[PDB]
Amino acid sequence: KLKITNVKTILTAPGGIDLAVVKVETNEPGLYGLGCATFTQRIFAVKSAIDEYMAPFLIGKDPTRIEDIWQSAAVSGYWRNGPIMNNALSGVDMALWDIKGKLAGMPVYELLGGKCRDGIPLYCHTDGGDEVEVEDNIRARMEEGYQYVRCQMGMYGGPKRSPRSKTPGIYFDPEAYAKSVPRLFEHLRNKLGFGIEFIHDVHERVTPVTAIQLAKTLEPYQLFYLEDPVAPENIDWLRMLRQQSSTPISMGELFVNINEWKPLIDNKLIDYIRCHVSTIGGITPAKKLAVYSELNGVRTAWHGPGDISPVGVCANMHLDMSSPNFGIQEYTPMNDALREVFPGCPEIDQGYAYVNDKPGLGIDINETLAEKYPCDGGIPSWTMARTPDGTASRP
Amino acid sequence: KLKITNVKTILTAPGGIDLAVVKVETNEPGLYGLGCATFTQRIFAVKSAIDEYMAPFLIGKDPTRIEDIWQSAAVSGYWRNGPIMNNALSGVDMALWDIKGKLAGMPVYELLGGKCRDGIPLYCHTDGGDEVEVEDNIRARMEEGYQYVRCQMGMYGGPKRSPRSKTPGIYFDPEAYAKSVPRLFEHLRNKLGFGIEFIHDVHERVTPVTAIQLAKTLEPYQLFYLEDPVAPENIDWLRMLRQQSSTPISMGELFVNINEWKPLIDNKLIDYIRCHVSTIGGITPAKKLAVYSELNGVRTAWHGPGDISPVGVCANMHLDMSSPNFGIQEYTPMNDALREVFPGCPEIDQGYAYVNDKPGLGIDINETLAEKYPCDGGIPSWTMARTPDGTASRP
Amino acid sequence: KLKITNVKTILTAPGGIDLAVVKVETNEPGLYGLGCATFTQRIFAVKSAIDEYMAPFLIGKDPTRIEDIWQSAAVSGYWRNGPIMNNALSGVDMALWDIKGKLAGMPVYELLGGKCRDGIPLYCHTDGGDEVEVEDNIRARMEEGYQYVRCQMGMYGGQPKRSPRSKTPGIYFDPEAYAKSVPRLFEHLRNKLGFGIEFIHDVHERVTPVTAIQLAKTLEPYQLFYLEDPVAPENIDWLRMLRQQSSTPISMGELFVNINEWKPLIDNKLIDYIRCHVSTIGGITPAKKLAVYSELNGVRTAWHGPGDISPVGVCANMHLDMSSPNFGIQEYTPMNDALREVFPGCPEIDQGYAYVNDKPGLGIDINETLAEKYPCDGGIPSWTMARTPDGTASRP
Amino acid sequence: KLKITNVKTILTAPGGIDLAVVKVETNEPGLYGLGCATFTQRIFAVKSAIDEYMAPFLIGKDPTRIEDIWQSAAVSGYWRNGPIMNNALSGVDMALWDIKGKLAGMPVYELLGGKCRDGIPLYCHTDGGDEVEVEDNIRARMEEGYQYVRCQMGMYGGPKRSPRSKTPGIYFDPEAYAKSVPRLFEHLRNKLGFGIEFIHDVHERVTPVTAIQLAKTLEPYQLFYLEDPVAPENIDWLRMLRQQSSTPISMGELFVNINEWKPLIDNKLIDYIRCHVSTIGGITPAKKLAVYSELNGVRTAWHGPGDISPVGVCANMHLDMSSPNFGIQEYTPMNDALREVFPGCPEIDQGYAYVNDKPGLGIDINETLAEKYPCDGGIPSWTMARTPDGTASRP
Ligand SMILES: [Cl-]
Ligand SMILES: [Cl-]
Ligand SMILES: [Cl-]
Ligand SMILES: [Mg+2]
Ligand SMILES: [Mg+2]
Ligand SMILES: [Mg+2]
Ligand SMILES: [Mg+2]
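Residue numbers (UniProt numbering), protein chains in the order written: chain A, 3 to 160, 181 to 417; chain B, 3 to 160, 181 to 417; chain C, 3 to 160, 180 to 417; chain D, 3 to 160, 181 to 417.
In short, the hints are calculated from the structure, not lab data. Heads up, the beta-carbon is just placed ideally off N, CA and C, and yes, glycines get one too. Accuracy of the hints is not assured; some may be wrong.
Claimed, not checked - Here's a subset of chain D near chain C, in silico, CB distances under 7 Å, partners left out:
#1 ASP70
#2 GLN73
#3 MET108
Could you put together the complete structure from these sequences and hints?
This is the structure in structure tokens:
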């Protein structure tokens, strides 16, 4: 008797970043579910994938068969395993989980095993043009109670002279950046000590052997993790990196394929998995990945940037709450508009997030207010990255 | 405010086999859980492990924290990873899942992802003094609707002449056995054709190279799987077997340790994992193992012998209904007394089991009728197996 | 026509810790064997395994067929390889070896190959709340003649992280604070005590694998005798990575209960010392095989010798130690007068060496009347409920 | 204080084959041990090694420290690990286990674990000029109760025409031999069925790839094992063989070095280990090897040819009785002179050996009687083996 009746996409940008949220409606009045489908750079293609394909696929189906729906939806177009398609899956799969919590009168984290911890430790971003400005941010965050911070200085060497004419793009200098990082952590550790945990994100910006040298050279500074030392396309290089360095490694925010993460985890080539939950297809595959990670002694560090709706932020945190091998939660602070469009955002208190104990994902969306923040769209400029000679780089 | 108030063990043998069942009670009316702790050969030590250690560990705690309770209970005695300790964990763990289901008003399979299939295909046992009587039992089961059957002939050579005086034991002949099997199956395929699926259990009765030769020789007869070709102590020999044979392999009913199954599944050394759910610690670790197997393309075939309670049977089947990588369910038909003592046994109809949609595991125990069948105790004769020269062997 | 006539458990706690000892009686009056079955956290379940299962299995059987009995008892329940079941095996196994030595008029170490050394070097525990207390305790043990010491400061960090606003009960620790703190501790010890003294540190599975690898690398200059339990049994695959990078000697194994745990480690040279609790792997018979397998791979023995092992198990450790060419070290926990009185025959301790007597079998007895005067406490220890700062239940 | 007072070597040939036996005497009345040092082709050098080196090394030492003495003697001349050195070591070591047994009042097998089986299954040799005389020898042995036989025909081809000149030697033809073996076994299996167990010894006579083909071609004939398909110098070729063949393999009669057997056993490259007990250093090292093998699921098959003293026959069998992984025992019938010179020979009855229950090794030597059978000495012809072109080969 219980059936899905409609599946819609809501495009909104209350925090200044384009989000896509899927609402799954049922034939029981007042019962619906929400999921995150935020691939911010391709939101109009996610909307199209949802509206043209997922909706007619799902109408009339029983929403509680979460796994049957996930498996059959994922193969419905034959070709599969990519970010746009995975996000259409995630919008729906999170919405079904959310519905299931509502039917059970339980938060999703109670369905997945119950609380494994009393609060969810967070890290946040601290930027700076130089060593002194970065420290200032770290200081401001420490006073708010963060015990973990990600430290970047500048924009990856944004130093060598270019040729006499340049093709447009955002120019960076990988070797300049690579030499400056150790100097940054020497300063920070000297200034602030070793109580505070540091994360640094290489963001696939240097060649693999440069990343290996960096990992080795940062060993004295004891990072919580070094993130993204290679692109997904270069993951075989981690065999060599892990023969030589003891700095903790994270990878995975870019992953969209089991053949990317499985070999890393099987071989202990990373210490934290960083997948963007919606980008791997939602709660159902993320839970599986978390378990695979757990048995291999690898911990989770779900991607938590600004380009994730509060619905996905709840999703991450429900997974965090119920995972024994939870590592840490990246967190990007929200504005008032986001909290008003999405009542139920988790409470943030002194470096910890406390999720509410409302049923499902414990999160709502106000469609009326959402319409007041239409999406910008447009090509981001920062993904056009060039090295000093003008070579287009993975950004 | 919800609390565990009592934990007790019930020993009963309605089917003529010593069963152990754990009841977990709470301070909410009508809200309790049952789980299976059946390790039938050490039932009195499992009772001691539950009564002396688990029960005081649990009284007063929040039963919804299934993962936290499982993790902390499993390390409560420091040493861990064994069949008695695991069965004590399982009795609690399945009971906590049973309780969660009741709180949510849902079958456990609904909590674990929902229905993946319309029914659970079963296999049953068929024995016989010879190729003629085995074939008669196979026909009988095919009339009842079974489409998969396990074929054994005799008791593994129970032939070389023994020495002049024999030390007591159940004597078998591993070489006579191994030669006779391929003839068993040549006869069965000629008789019955290739429509019916056949399983054969080596039960660790031969040397590893002998099992490899047996697996190779049975290839033409196309077994659904060849079970336990090696003892858990000899798992490294499966590397050799899998370079040479294409007969599908199941392993794991004896497994109690992740270091036993993780290497085999990681290297594609088996096709079906056979763990006895309570012996690995219950639904919680069993679900993780199902997922681990899933990502590696290995399917489940949970142990379903006579020495498992109807509660453990229901756990198997709830795992079976929510696993996309479900392989097959071994089934031992129950007598009237078992169905009377355990209200809610799955319905068995033409080779399929159909679970009820009742909340939790959908199963209960009548404590008064259970008392009419006290456990026998004693040590089984069959675990004292000797080869022709008198050597004590892994049964 | 020698036969086993009865098998019984004695549960006693003369040193404040609960012990289980097995007595195997025969139809030869006065001839019996004693074995250690001490799994202290589960002694009542161990007692049940022996009383309900081992007893009927063994009554009537010829006690001299140690290997046959071990093999047939180990698989008597079909399921096998776990701490309670191995301890019931061990109680019987050591008791049979004890009987064989009594029949032969020889200590067990004589049946296992005879003396390979002239005494058994020991290490003792030295703890402290801070660097100086550790060092003071070290100086006190050196004065008693100890030449190896295990050094732990504090309780695994329990500058610690702030926890969330409510805490679930448990014993709280902070693995990152602990990790940072260890190298500082050894730099102090070495600067104050020099390099003559041998140091052992136990990580006790308290940190993530890559943290332990970093720790092993950082400790290299301080030259530990061994770094113990860098990973949990569940994580042994991480030792492949640690052994590609660190030259700190490693020991593993007090938690081991399964061959599929230790065989790949030793085959691949992933550790330098095997640390099994002898009763927890099933007694002298399997311990001797492990020692031999180790030897051929160049790995040495360091059998677990905590407070929670009876003096009979201690004698077993030492008869194995006396007869192994690849003996590494023997952890020793000093006994009080009550242990010595309940178990006459305890080995002599003298200037960091232990000297086993030359009486037949394990050379140890039990005064059953005196044993009854120290009943077992029981209960659940609090320490195995360990939580990191956010509240997560941890491997203790 | 118990001390070794004398060590002498006794060379004798009661069975037509040069034997060496060591007697270690002590300062306790009636307390002496015997052991085997029989490297029959080099007996005179083995006597020199014992008389000039071992004897003075031992005098005045305590014979109960078997392991200390073994370890320290093994390295007493610095260089080590060879057949002559090992044999001198065996002679003392077996003697010391013999002394320990007499002190204990127990058979050596009781010191090593107690009885593991009720008697020792034997195999014997059956040779023949052709396929039909071989059969006749098999029937003869079957009448005497042997259930396992080793089947060879002729002399490994002893067919291409050789060059016009021929260097002296025993000529064979490996290519003709390889092609004859599978035909021998097909004939024998056709005539004798699969009740009787067959062994075949390739004796390092063919190239490695030829042995692999042989191993595969014989699979249908189901040998108990195929022995020595490669020379010790060619063990790396077993990796290839075991990827392709399921015929059980035995190796090791020629082994004298741990780096020979340890790789084969770790990697499951053999099923039976075939070492000559005295040629690896006696009971002490063989027992360690039996245990290393057991932990890897490999079974023992100690060398039991004519060039072993009945003292060595007794040591094989005391190992055989106390080994859970015993596989089979090769046995060469003794004549009346051997049984007269060596009182305490095992009783042989219908294909089983039954060792006496006397203390130590239960065997002794009549020195006066031994002197009536002096050692011929000399150089055997058979080890000068040539292929058709004249090439000196591994015999
Ligand atoms: Cl799609
Ligand atoms: Cl037991
Ligand atoms: Cl020599
Ligand atoms: Mg990043
Ligand atoms: Mg089975
Ligand atoms: Mg320790
Ligand atoms: Mg040979």
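Next item on the list: Please write out, lowest number first, the hints stated earlier that are contradicted by the structure.
Entry: Violated hints: none at all, because every hint is consistent with the structure.
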